[PDB]
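Novice: Spelled out, the chains give:
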Amino acid sequence: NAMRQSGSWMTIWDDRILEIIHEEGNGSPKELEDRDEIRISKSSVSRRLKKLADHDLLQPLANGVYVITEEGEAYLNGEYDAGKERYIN
Amino acid sequence: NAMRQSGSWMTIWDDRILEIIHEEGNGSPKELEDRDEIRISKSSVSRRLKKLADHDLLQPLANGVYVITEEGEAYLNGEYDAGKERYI
Numbered sequence: 489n490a491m492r493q494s495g496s497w498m499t500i501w502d503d504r505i506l507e508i509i510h511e512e513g514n515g516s517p518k519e520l521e522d523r524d525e526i527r528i529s530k531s532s533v534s535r536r537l538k539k540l541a542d543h544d545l546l547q548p549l550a551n552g553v554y555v556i557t558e559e560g561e562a563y564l565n566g567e568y569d570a571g572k573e574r575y576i577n
Numbered sequence: 123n124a125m126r127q128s129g130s131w132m133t134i135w136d137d138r139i140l141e142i143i144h145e146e147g148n149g150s151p152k153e154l155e156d157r158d159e160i161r162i163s164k165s166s167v168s169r170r171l172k173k174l175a176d177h178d179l180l181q182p183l184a185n186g187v188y189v190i191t192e193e194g195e196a197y198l199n200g201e202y203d204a205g206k207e208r209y210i
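Those protein sequences? They're chains A and B, same order as listed.
Residues 489 to 577 in the working numbering are what the first sequence spells out, letter by letter.
Residues 123 to 210 in the working numbering are what the second sequence spells out, letter by letter.
In short, the hints are calculated from the structure, not lab data.
Worth double-checking, as some hints may not be accurate.
Said to hold, decoys possible - Pairs of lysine to any residue residues, derived as SDA-like cross-links and limited to a Cα-Cα distance of at most 20 Å, are as follows:
1) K206(B) - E525(A)
2) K572(A) - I162(B)
3) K172(B) - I210(B)
4) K530(A) - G205(B)
If we strip away everything but chain A, and leave its shape as in the complex, we get:
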């Protein structure tokens, strides 16, 4: 409900990727690439996925599948500051 607290390292496609994985459950480069809402390349998506995972907004599972974390969820809901990297209360 509160506004997202984004980090200075984020791009707009980060929010899109997080939103898509939140709704679909999991994501992978090829299938994210094919979304209308994603206007970056499959390799860029891979780069953003790796980045989101480094920041613990996503986590990598077997076979190049990525899935959202609690922090990723809290972030979408304005409850996690992705810049300072702490929950907000």
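With the hints as your guide, set chain B onto chain A.
Specialist: The following block gives chain B in isolation, referenced to the frame of chain A:
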């Protein structure tokens, strides 16, 4: 309610900026840069504002102040394609 359809030229701060202006009803570099949600500089905010207005997502008023447009609202609601620049 549908997902936002962003353009290749946008940054994350554009959404944050549009969202804030949507809530408060206006925006200027100074007041925006003071929001905690905004992690870019005043000069940087000033440029994002100009670009959002260039793309008709904000209307610029005198004295460096901006308000959101219908197209800006539609964009936030997932009804406007900010890349091809057309309603959906």
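Novice: Hints numbered earlier in the text: which of these fail when held up against the supplied structure?
Specialist: 3
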